[PDB]
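Student: One-letter residues, chain by chain:
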Amino acid sequence: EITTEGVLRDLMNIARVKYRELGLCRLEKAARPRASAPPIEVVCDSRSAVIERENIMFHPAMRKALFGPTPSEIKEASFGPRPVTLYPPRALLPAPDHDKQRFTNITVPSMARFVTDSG
Amino acid sequence: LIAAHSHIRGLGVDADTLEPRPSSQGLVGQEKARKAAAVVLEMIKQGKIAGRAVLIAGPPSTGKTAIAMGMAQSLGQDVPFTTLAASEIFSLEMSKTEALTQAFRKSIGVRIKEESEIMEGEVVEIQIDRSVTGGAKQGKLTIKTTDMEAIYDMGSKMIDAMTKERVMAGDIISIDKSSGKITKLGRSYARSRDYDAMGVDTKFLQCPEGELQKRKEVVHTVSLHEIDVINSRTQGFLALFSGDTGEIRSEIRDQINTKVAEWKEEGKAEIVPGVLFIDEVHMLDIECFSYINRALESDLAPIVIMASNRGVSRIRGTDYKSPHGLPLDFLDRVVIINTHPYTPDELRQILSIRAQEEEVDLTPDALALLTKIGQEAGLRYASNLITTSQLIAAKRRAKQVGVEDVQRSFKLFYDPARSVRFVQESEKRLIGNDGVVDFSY
Amino acid sequence: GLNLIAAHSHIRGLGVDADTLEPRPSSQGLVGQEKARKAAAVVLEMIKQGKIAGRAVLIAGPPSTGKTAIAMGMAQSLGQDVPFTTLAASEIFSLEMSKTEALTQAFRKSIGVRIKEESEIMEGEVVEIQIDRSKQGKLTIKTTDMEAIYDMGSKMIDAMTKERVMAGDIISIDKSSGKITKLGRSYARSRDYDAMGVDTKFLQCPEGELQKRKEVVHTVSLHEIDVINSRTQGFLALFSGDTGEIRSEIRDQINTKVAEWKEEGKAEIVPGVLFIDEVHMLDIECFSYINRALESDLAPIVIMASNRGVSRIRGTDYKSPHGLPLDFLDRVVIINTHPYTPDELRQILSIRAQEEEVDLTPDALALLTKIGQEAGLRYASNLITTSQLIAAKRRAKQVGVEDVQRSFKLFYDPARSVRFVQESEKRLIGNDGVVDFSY
Amino acid sequence: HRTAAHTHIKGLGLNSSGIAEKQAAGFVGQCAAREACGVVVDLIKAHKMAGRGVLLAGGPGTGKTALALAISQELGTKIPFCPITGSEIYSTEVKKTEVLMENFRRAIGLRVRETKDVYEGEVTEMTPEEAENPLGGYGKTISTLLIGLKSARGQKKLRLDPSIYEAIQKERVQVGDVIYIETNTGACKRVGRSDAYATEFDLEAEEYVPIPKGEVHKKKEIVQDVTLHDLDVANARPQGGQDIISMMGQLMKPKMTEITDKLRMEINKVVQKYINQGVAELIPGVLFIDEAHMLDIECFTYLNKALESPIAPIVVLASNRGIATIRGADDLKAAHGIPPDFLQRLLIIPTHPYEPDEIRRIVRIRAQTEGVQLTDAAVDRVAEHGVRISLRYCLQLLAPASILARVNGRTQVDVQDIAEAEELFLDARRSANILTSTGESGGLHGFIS
Amino acid sequence: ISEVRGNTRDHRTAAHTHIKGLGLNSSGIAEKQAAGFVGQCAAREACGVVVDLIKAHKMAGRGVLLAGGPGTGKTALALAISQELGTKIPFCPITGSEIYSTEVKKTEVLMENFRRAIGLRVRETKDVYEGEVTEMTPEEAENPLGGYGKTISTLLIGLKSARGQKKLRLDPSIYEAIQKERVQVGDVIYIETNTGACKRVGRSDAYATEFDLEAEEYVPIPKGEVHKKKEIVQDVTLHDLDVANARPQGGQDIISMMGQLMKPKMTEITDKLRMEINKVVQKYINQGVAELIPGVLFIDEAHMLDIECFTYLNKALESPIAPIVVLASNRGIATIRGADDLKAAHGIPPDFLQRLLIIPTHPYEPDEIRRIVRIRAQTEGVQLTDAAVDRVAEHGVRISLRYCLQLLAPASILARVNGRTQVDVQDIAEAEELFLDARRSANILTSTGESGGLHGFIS
Ligand SMILES: Nc1ncnc2c1ncn2[C@@H]1O[C@H](COP(=O)(O)OP(=O)(O)O)[C@@H](O)[C@H]1O
Ligand SMILES: Nc1ncnc2c1ncn2[C@@H]1O[C@H](COP(=O)(O)OP(=O)(O)O)[C@@H](O)[C@H]1O
Ligand SMILES: Nc1ncnc2c1ncn2[C@@H]1O[C@H](COP(=O)(O)OP(=O)(O)O)[C@@H](O)[C@H]1O
Ligand SMILES: Nc1ncnc2c1ncn2[C@@H]1O[C@H](COP(=O)(O)OP(=O)(O)O)[C@@H](O)[C@H]1O
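Top to bottom, those sequences are chains A, B, C, D and E. Residues in the first sequence are numbered consecutively from 4, following the numbering used here. Residues in the second sequence are numbered consecutively from 4, following the numbering used here. Residues in the third sequence are numbered consecutively from 1170, following the numbering used here. Residues in the fourth sequence are numbered consecutively from 106, following the numbering used here. Residues in the fifth sequence are numbered consecutively from 24, following the numbering used here.
Hints were generated in silico from the structure; no laboratory data involved. Positions of the beta carbon are idealized from the N, C-alpha and C atoms, including for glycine. Hints should not be assumed to be uniformly reliable.
Cut-off 25 Å, straight-line C-alpha distance, at most; resulting in silico cross-link-like pairs (SDA-like, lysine to any residue) [claimed, not checked]:
(1) B:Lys180 with D:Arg157
(2) A:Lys78 with E:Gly170
(3) C:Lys1344 with E:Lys246
Not close to chain E: a few residues of chain D, all C-beta gaps over 10 Å, as computed [claimed, not checked]:
(4) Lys115
(5) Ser121
(6) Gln128
(7) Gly281
(8) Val296
(9) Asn409
(10) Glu489
(11) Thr516
Part of the chain B face toward chain C, derived, beta carbon under 10 Å [said to hold, decoys possible]:
(12) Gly435
(13) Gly438
(14) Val439
Bound-form chain A, shown alone:
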């Protein structure tokens, strides 16, 4: 990490450099799942069951870790007289491998298709 010519640094980065050079981050998806579903749920006619669904299936601390600090936390951390730490220091959700498709299977039409799909 620290040497002025990064020979061993670049040698340790070949796989991800090659991946991006091939454009596989930007090439359109050639497949997706034909069907998609949300998780199965227990149906139980109690209020405790509904509370538990929110606690586990929409788990606040995991979500807060993935998506990071709220805007007031950023203000309260930045304007204070002394520094303060945040529950996660950052959003811990990874960067998506695909630059345009990201975390969804939604696809959008384009002019390339529009020109070529009429002969």
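Once you have looked at the hints, place chains B, C, D and E with the ligands on chain A.
Tutor: Showing chains B, C, D and E with the ligands alone in chain A's frame:
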């Protein structure tokens, strides 16, 4: 480094008539096999034919790998040339069938064409705003040619790249807007002196000229297997390199086959069929062969080149023997190319080529003796003695490998036939197939 | 307690005159086997000196001839000064990992690294905390015997806040780390609350001085340092298992660093024993690994036991003595144990009767010794506890002959059981599955 | 363009009376088998029966795979044709009977009409509102997002649920972006920058897109083709929600699992409701198990359960074997390599070896299909190899001989070019003779046995 | 803190501790007794050429077989090769047993070890400023920006090492690192010139008494120069590059962090990665900034490899960047482990055997055994009477070399517990009776195990 087939630099055939030259491009003899291989190169280069299985057969040595490696050297860089040792198909990560499916699809290329815009210019100013205690970032780049200057907005990804690259005023940089790659190329003037720790001094460059933007066509070739991996996942494209793919579901591959046909008709992609070379194929089992029977029938099948040393031999996973070690309903799909044992005049030529490739200066007497050894002990053994004799000759500071050095090499290192005699002569002191041995004198 | 009376609980050492290694006929629980015990005592001297690496010793002999007893006696008389890993050969056949990996672990468990350390640690009950949120603050803390006020740096106040320290908590501060630990609450605070959280524990208050400092000796095996370095919190795998096949470049780097710690005197290396019990259950692939593993500068001494005659080697189909490859036996010296005479049986049965706290009559011990001669040592040993339970049903104070006799008729020895099987041929399920359920 | 082994097969070549034309749709002969395969096609198009089995029985090269491919072409692209070899059943991730069920359910189609209920617009304003959680330990959370969407026709302000804001956060939306929000999933897609900001002066290649036409809120009707296997898998490893399980399911390595019969019977009830609602129609299709002799006694035993299922597909088996040992049942031998027990369930279509004139006619069809011109002497010479050696062998010579011809500058293949192809490219039996003749020699130049 | 052990730091001894090299003249001819070897002069001369082959760096993927009975010095010769080459050359020893991983296919295990045996040496310059922070001081700018409360043109940092003090006039952007790393005066940091950022090592132990309690460790002041610019040499195997690419280590996200907390299973790495690594490695070699160091893969008990391993080694050895592979075998005519009806010499498939340079190791004469006994005795530090040397050598001839060598340590103990520092015949005669050899133990199995019903061996 020098390796076993480093001298092989083509197939050694006339491109017009396909006539094999008796020596050319490092290949010697085997003319019928080399002509048959030259015809298979035309089938590959034309690409119109799918799934022809060719078996190179012959006894050990005789150049079955050498011919297949000559073909790889003749196809060049654009065409896929997957090599499998058949033993690679047995896996814990995936079934044998999946391992074959991946190797077939590794052998089909997809040559995508992209148009991209690159910026290139002298950085006149750079400005970055950073939030305290947070991720929020914004910035502006002022960049110049001898003929343009403009101010570009920067996003967070650019600001990360700009600081990773330590972009500073006076730097010459180029930015691929499609990939987002930034590279520096030099500086318009010296690195400013007031600050310490400012890093190594760059190349000098004059300022770029003309327009800041220019368009550039760029071409990428990827396998169908690489497309399979990317599309079976939201995340984890590191599986392209790590293995680690699992058994990819067949409805994903159905979609990719359809979309690649659509990309071809749309003119987005050119499909480039290559070859799967399976080496020592008799290591596959009866389930592998039953799969390959029908994997060959796709219009996306590569041409499959095979090698076998085997006689009539037992098929793996099977009670019974078959020619080449291969089952008959498989061999019904296969044309066979036969390689033959060498003449002494061919051995002399091959050994001369190995000596030249290894940069070893044989005396004519050493070459004659090595040729005689080649007849009696085999081509591989005589080629090993070349390197050995060179070392021994150098230790005695001789200019050339003499018969003295070849004889000492032959004395020090046993050939297989002489090693088998040594084993027979010491059956009591070596451990038997039933584990008995005597350690006493 | 948890240590109930087991089959080897009477073995308390090797029973040799340590200045001369001559075995005393019956001492420390071991009876007889003097030639094997003297050989075992010479092996202890190799172990205790530690200079010899990777000797393999096989203890061979019929069943119930003290092969386990002698290896346990070595463990007892080597003492906790030195590692003594006991491996049944069946344990090498892991699903979590390779056979050779499982052996590489068992070898490295048997080499200690010993470090001597001064740790300075403050432990006490918190009296109060004060903070100047103008950062700085003060901690007041007590033992039973001492009390003090300490100036806290800002990071200590942050850590005290994040770890939610409050009055009546017992805390420790490691001065080297600068890291807190809430140990619990004092029993004096048990009256603070009508309901307690699940995680709360009461303690006695710390005692003596606050800032204790102690000379501590630490002995850690090479395998522990492997598992620690295998992954970021690898010390958890020391308990759950879960190591995987630890990559060899980790072990090479650990071996290099431990060699530096010895060279610098920071640590000493304490080579110990791996005992592979019933080693004939290993296969040809295992033995081929052990050949190379013994030939290493950090190899333990390996001891192993077998009761096999000429027997098939596992992973092949030829036979060999002890069930072991001749290529492997060429690396091994062999200690042979023997059957026992009636006077040695009489003593072992007496040692067992004392350990099981059973009062045998002299005639009971005589009969029980004849049974041990006719039916084997383990069977007669099992009749001691059996006869005590039968005597107790008579409310008898001592085990009489009739209690041994009733134990004998109720519980069959192996030979009498094999006869019963042969006389019941058609009512038991044979090796071809045939049986007749009819009368 | 690329030509494979079966590229000449176009269909079964039957009359409207169901009788085979002697040469049609790429076939020559097999007329009785083509007529039986025609009745199989009509069994499938009737979509009334579940779990009927067919065996294509006959020697290697007798067109069993051609016939199965012809069925797939007679059925057309609406009906699921699911082709596998028996070697594909041996998964390392899941038990062999799981991949049988997956392939059974890939063979059953569904066409379903779907309403996407959706929001679109340029993002005009975007404002989060916050919850001051006292003792959760994770700090604050965001209680809703207010977002303003503008289209060409109108505008709305949406107070989004937190889980829909998390979808917008994943999509990296900013003010002035054009976005799409599918309320079915709660998924968000960023379409681009609004064309109101279209400028060259951003370093990153943004998609500048026009303002969405029509209303901000829309309902789209889409017709979707799915199989039962797609539904099974979607509900086994869920990825469609904005819940935490769905979220992490998109990050973990893809993995097949031994989907329970409880999930399959539940999805039958789901599909039955789509059918009763009239939004779906069932399209039962076929599973073709090529190389079915590579199955094993556990697979065949499992088919005895699976074919009883009241929505099982039609299963076509090909086998090429005489009396042979059943795999995994090494004491049991039977015809076709199929257990006698399971053979009672099948209708067997035998296929037969070709006559010399049929072989000659196939050579012409195949030469025309590969696009190569032969003399009649050449066609006769190739047909002789088809008779004397094998149909497959003689068809493999056409492409080599065409190159060898072109190499001499002649555009039409004649007997000299086949005479060279015969010598460069041996068959299995001439190669087996070289093996057998040489194998008397040991030492260096022997073949390894 | 830690209590240093002062008294003794002597070596242990193992089966090959006496082997110090191949014991060859400058002419390469073997000396009859040298570097701990006795005899094997032809095999040592052949291994001497193998050392010169490896050390010449010309050739890739040549195979060598050490062939000979058990105890004939084959692993001694391999260990001698490793010592002749020295630790700069990679040496990867395995048995053929070690290839049967549960995590990956055995050909991946073989290819991992194959690329462990290939070293790469990379030379780079390291360029950093280091010290405890003595001072931090902004400079206001002469042209302050409008609407901003302060404009800073420079940020001065004083760095002190054990060897000097320097005022670093840094670019103002380093405020970012100072805030994020929370750099105080008295903290030990470095600044790297390839980024211009800084990182915090800790607080200097010069300040360890600022408070009665603070929650941080204290670190010594750097004992180098305040400015460290020097060349550094990095040695990595190509397997290290495989793993560094296939299992990237530094990832900041939840999935990376869960990853590094779980069992780090190896994976069946692709030929596409290894080929792309090879092609970039070859770029830097052609630039001269890296140099390749082909080493030795030594496979002990190579007869434990099966035919799938050998057919893979065919492909592996043909690749241009490959080690020298040395195999050792003792299995006569034997069945190939994976092909239950093929028997061949050495247990090596004949197809593969043709590739190998074969070196035979022969048995030992009685006088060679006696010389080895004395070399082994002086290595284990045992002192013997000459009659004891003879009696031990008699067991070496009659029974086995290994057996007679192994009696020396028991006999040494038996001597000193009689007060004698020199081992004599009386001690050998007791060691040989406490510690049986294989053959005498097998005679007991034959004699006492004549029946099994009770007091007999299990058979
Ligand atoms: N005809 C040939 N011309 C040049 N080199 C050859 C020829 N035949 C064999 N060789 C060389 O001799 C060695 C053995 O041949 P190889 O191709 O490995 O045989 P196999 O058919 O067993 O794979 C290789 O190094 C190869 O380069
Ligand atoms: N020499 C001995 N002295 C005391 N107890 C013994 C002796 N030999 C065996 N025993 C006891 O008899 C039982 C069988 O002996 P053990 O060593 O376990 O059998 P094995 O020889 O099969 O390993 C054990 O309870 C053991 O403690
Ligand atoms: N009746 C036919 N008409 C035309 N081509 C045929 C006919 N039968 C078989 N073929 C062709 O001959 C080859 C062998 O037939 P195939 O279906 O592969 O045999 P198998 O029964 O072994 O699957 C294929 O190329 C196929 O297209
Ligand atoms: N020529 C020799 N000189 C000195 N010691 C030797 C010699 N040959 C073998 N030894 C020693 O004798 C033992 C047997 O040799 P080893 O290399 O283990 O045999 P192998 O590897 O053939 O089984 C080892 O302890 C080794 O150090």
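Student: Can you name, in rising order, the numbers of the hints this structure does not satisfy?
Tutor: Result: hint 1 breaks, nothing else.
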